[PDB]
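In the block that follows, a single chain appears as structure tokens, in the form deposited in one PDB entry.
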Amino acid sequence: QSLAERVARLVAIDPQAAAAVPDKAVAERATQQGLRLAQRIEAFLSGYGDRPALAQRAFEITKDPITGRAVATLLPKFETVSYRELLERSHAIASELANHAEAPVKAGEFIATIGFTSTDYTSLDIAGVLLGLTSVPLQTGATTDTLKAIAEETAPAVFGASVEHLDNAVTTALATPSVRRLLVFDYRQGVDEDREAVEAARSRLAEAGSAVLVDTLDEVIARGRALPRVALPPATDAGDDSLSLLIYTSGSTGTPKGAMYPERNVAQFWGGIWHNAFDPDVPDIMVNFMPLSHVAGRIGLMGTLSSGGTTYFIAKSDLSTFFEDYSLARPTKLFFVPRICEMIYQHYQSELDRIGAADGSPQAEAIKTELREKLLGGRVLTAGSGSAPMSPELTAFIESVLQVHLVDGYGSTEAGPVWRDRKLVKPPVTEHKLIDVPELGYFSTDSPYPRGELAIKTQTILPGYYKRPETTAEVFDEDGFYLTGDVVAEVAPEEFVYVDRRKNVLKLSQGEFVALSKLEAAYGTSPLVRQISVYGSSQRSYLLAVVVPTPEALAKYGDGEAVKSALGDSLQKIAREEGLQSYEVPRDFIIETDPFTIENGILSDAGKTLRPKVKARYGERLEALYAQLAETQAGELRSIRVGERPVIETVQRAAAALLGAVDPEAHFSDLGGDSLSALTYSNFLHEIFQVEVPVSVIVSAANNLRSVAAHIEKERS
């Protein structure tokens, strides 16, 4: 019943879980007062000895008989790396980098890295801490213009990259004269495609006459194993105050700014105060799907290392192996972002259909049982979400599936953890207040509950944004409070509810900020667009916009669904051109034929669109668009019940229902879902056509919707 009883019962009957329980003595040695980060990390990892620390899906290599090329294919199991092995491989990397013949790194230099999350990436991250470097994890979805800007600002000496991202890593490195070495990780020896991507990087660097040196991570470790360990602690300038990490975020300004993490703040991920974001000693077996560059990726991964647990890494970056991985790893602790919860709920609606059951009926309850017991692996003891708000209906559903309480954890890159199930986390938060936002209509005198921007003093507050004292100042008031940008309602002494943002950047259900004003500037260059105001709700997974089209567009296409299609195609292409993410493409529009103007109240005296006025005039209609699609996605029930139409038409119509917007020639990617949309599409078509419809056939750039139909037809034969 209670958590402690549930834990005691799992450890009595499960040998794998029994072997993973935290050891109080290891945490006591590692977190002792005054101990430097590097040594803390060393004490956790050496302390947990031969336990399995990390697990990667196993694969096999076989010679393709048509092409001759050695290809890798996933196996239905995981292989593990021990705490001892992890520590030893990380030390090897530090030893090799400190001792390189020509470009030895020193403490305080920067290392930039682009990868997903993996055993290798984790090695490299730890090695940076051992050397006293400052790490700069870069977002795998950023454009090379953004990567170059961050690299120009931080001047890294070493750049690391997974094989998947190597080509963007070469482009950045060529524009960044400080880079002396390029390290290539997640490299599979004997796999032809990996070997070729490294050869092509070397050619590009050759052709440029670059002095940059390329090494695989394997080779670096091989070399380092033969060298003595570096001395801890490393020779940095400021002890605990030494700059260990930069987490780039766009929340406070709309473009990336480098949140400074000294070693004393990074230490909080390793068994420190971030324990309490979510909150009896539980064995920690976790599946990690979050990039290391996202503070949530680091919280999970280092939390599990620091508790002597095991992290199972999601097998593919697209997340297409999601259920397979959870069904194999069978975690005891779940952390979701709300988008994952939406996806599980969409699966549950799918299963209701397939067995033709309804509502809360007994066979509908059997679907929840198989989610909890089989698909999610049946050992979930605790669960949390965060990064974005969750509807009460989605929370109710997830909890009825898992049969455990779903903790809501609020915090940020800048502040650390701030609340747990409404209640301020003290420590580290020491004081708070609310600040009125009269332009949006929120005031501490509101009834029934005060509303305002949350402002806090907290022990885990960042010292600044790197090299950006102006941007730093904007987030601190004259009394020393950090300004979160988040509007909240207060419902009891020191209890809060997320309501809105003070400005023009917000989270969607994926947990990533979207900068409304940047998207507006990009989308405003469409020849069809006169004015555009982009709108989002943080409980949704996609955006909307209010568009005033040009007279020529309104004349050529009219003011209904066909101009919305025209606009979609135009925006989609801009998004492809400027490297925007799939979810930052508006899915549906309010077409306004009457322009925004000063007379209207929509434009200020200075000509600029006022967001609060857009909201006051179009907010209801925008919220209706969202509501109606969420109500209507049983249009799939009618797409399934046919059979009576050709393959392509079902393929089309299916893509249309899942991505809000069609045309036979489009690519599913262009159309603006996200990688979990293609998983859902894939199961849907598999159900109907009893054919395997893999995500890689659906997402690969050279495959449009006609290739998808074509694939299904060929498989059927």
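Numbering follows the first chain given and starts at 1. Under this definition, the rigid core comprises the largest set of C-alpha atoms superposing within 1.5 Å between the forms. What changes on going to the form deposited in another entry:
- When one rigid part turns against another between these two forms, the hinge among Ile344, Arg502, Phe59, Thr597 maps to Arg502.
- When the larger part is held fixed by a C-alpha superposition, the smaller rigid part turns by 142° between these two forms.
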Second form
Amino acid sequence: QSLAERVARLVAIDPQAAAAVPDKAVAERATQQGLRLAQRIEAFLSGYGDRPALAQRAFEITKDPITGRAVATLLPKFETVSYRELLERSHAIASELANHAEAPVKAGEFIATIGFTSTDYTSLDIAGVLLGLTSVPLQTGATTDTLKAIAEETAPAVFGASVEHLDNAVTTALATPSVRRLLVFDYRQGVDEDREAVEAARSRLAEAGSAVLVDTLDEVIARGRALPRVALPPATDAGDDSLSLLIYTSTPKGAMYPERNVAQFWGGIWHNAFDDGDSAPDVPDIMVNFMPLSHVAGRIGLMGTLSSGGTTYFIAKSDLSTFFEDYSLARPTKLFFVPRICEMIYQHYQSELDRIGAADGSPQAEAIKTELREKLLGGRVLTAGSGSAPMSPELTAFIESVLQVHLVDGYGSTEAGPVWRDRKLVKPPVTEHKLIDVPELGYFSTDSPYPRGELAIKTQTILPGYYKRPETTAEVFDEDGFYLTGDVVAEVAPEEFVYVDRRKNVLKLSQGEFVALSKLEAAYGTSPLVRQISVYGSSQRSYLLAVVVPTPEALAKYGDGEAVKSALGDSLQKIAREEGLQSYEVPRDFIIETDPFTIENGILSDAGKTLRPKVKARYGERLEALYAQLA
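Alt. form deposited in another entry, vs. the form deposited in one PDB entry above:
Just this one chain is shown here; partners and other molecules are left out.
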């Protein structure tokens, strides 16, 4: 039935969901026009009192019976941190940083951080706002070349890193003279691998003659608890226009986020990106977050639950190896997926089908969908949203058949904020739009059946610029002040839009046909044999190739050579037949990769998107050699 009825039924039978309903009085107080961002956050966190705010998987420390090594092992439960405790921890960090005897920090300085998403990272983010720092969250998969370049541009006074990334942090700090302090977070007292990582970091710094101080965030909080709270708001140079955050995207360019635009994450217009946050019903917001804080989508969900009195459960591991465990324990009411997560779930379903030898829409097949919905994903899902990348209709249909709720598609960017939701512009923040012909790619407003062109918009959430890069900023605005999305869209009904592709992903083959490479990647990603695919073309050639990571099942059946190429070929031609793709849209030959694209190896971005230039760097020589061999 309707969302209103399903919400009412859930809160009538589920005490945890009932208690997570927003309190309108808290939001009204926190969002008043007179309050600065730091005061807004404080009003939300203090307003929700002792409610659970954040949850992380519990762990135990065991001694290995052979070596005596003290090892952490996850336990089958989450432990929560209340709104009160989160605010107290963030104030403790702010107090310690501001009053440090040798390397205090002051408003307007920069802090750069490398981590995933966690209670500690959230506390450090908030503390940065309380102090008036500018935060620079760095990609965990970036090379040290990239880290050093961003650190040179931003000259941070403080560097923060999770234990996992501490070696890269040390390398960056050593080459960045502005760094005075290195804070280590997600540090687990008593765990040998964490203690050894911090000792090694201290030793490397000492060997280099560095004056950088190393402290765990555990220690920073313990010292800060006994210190007076810093006064809010911080004494920055520009009020609501002070620089609060830089979101590096793409040297990568840093999108500037003033306080007023960070405030939109905290009960502002971002609650309309993937849902109807404006009008009833008010859905209790219990959510699992698997997105790094370095990506805007990580911020949307996390600050969304914090600003609505709900709860964010953090996935236990960045590589997603605990995904189903965590969703089954957390049992969220609201889902946010991106396509690579939807593909993973589809692959899980296909992998069950094959293990038990059941077919398409059999009773057994439907029982796997039911178990996914009710057990693995928790059975409490009321709403679901997706975004950050295109998804094929077939994958959308699968996900909706599993969840038995509509999957909202939200389109937006770091630069513009949320732009549309289920084809319709999000207004506010969007105030004006137009389509721009792209003749060199064959996209015109006179196209049939639908006008097509690059989307340009005026919007309240537009970035003021890229940090220290006014020439790059000028390139993304036209002469009338519209922001150029770089994205080709079709207007399929009045003020309703569908994504075609990024301009950068559109390729003109040698016989003059145009291909939207990410549309093809989304289509072929649904092959039961494909784990990942990157479609590759050349202006000098008349046909496409692809890098394909087969599923473990495909590799076990066909190997990694000619046999699996032939099976993949059949599967892709099948998809081309069903979805009406042209013959020139079908990859003719393949580079087979048994090593998945990952965030760790840098081929996926923090958001899980396949980075075309990283694929090109790793496989481009082999792809071009295959073109030459075949010619």
